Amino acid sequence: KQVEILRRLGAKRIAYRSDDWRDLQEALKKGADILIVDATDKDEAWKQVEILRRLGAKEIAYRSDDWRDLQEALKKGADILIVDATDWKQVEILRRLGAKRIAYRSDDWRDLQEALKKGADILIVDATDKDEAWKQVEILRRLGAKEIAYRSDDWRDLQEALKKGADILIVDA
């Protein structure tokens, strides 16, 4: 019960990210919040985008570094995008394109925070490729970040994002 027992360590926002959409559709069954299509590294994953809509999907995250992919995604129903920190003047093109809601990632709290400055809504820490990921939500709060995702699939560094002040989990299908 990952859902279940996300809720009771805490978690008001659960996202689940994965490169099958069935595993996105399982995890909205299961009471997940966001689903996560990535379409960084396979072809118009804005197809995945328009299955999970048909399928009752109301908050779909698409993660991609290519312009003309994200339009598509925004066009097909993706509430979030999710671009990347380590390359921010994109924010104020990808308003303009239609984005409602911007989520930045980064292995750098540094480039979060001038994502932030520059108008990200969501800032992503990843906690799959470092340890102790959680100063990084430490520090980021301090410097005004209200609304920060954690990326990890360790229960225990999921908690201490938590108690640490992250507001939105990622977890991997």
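Whichever C-alpha set is largest while still superposing within 1.5 Å between the two forms counts as the rigid core. Residue numbers count along the first chain shown, from 1. First, how it differs from the form deposited in another entry.
- Rigid core superposed between these two forms, residues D33, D69, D111, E50 considered: the one with a C-alpha shift of 2 Å or more is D111.
- Positional change of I60 between these two forms stays under 2 Å at the C-alpha, relative to the superposed core.
- Fitting the two forms on the rigid core leaves the C-alpha of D126 displaced by at least 2 angstroms between these two forms.
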Contents of the next structure:
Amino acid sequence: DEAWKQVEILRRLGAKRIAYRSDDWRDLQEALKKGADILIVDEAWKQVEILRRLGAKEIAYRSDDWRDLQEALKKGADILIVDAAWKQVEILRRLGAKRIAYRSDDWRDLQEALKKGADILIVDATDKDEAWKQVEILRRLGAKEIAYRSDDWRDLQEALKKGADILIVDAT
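Switch from the form deposited in one PDB entry, shown above, to the form deposited in another entry and output its structure.
This part shows the chain on its own.
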């Protein structure tokens, strides 16, 4: 409901890179004011446009349609989220994407996406302990910008302790 409160807690607990995912631009705008650094917009380009006009400098957009991804970029979206092959990261950069986030449940897949120029590696595995291990594996390999998502700030805090650089607060 009011998830921006989770951003405050993680801020005070030493989270330097916090993202906020929501389908309400006002909910997203309020999160930016509470310390959120990345606004993930889940017809949704009207949101990235508003947040862009409201001074947001790190808007992410996810979608399976590339005409949709392309429209989001034109409206201001700085980050584009690919959900798992890694062979489309370079293809996506040609569309004009300044930053590419790659979501996958396997660390090998994420490392492959990192070699192709992916800037952000989102760990999204079924189990929580299995997700922890993938963060740990990527951290050991030196992967920069490891991201983990959860609607429980305690899991996010644990993620940060395991090696996650970006904590995605999932608002709902």
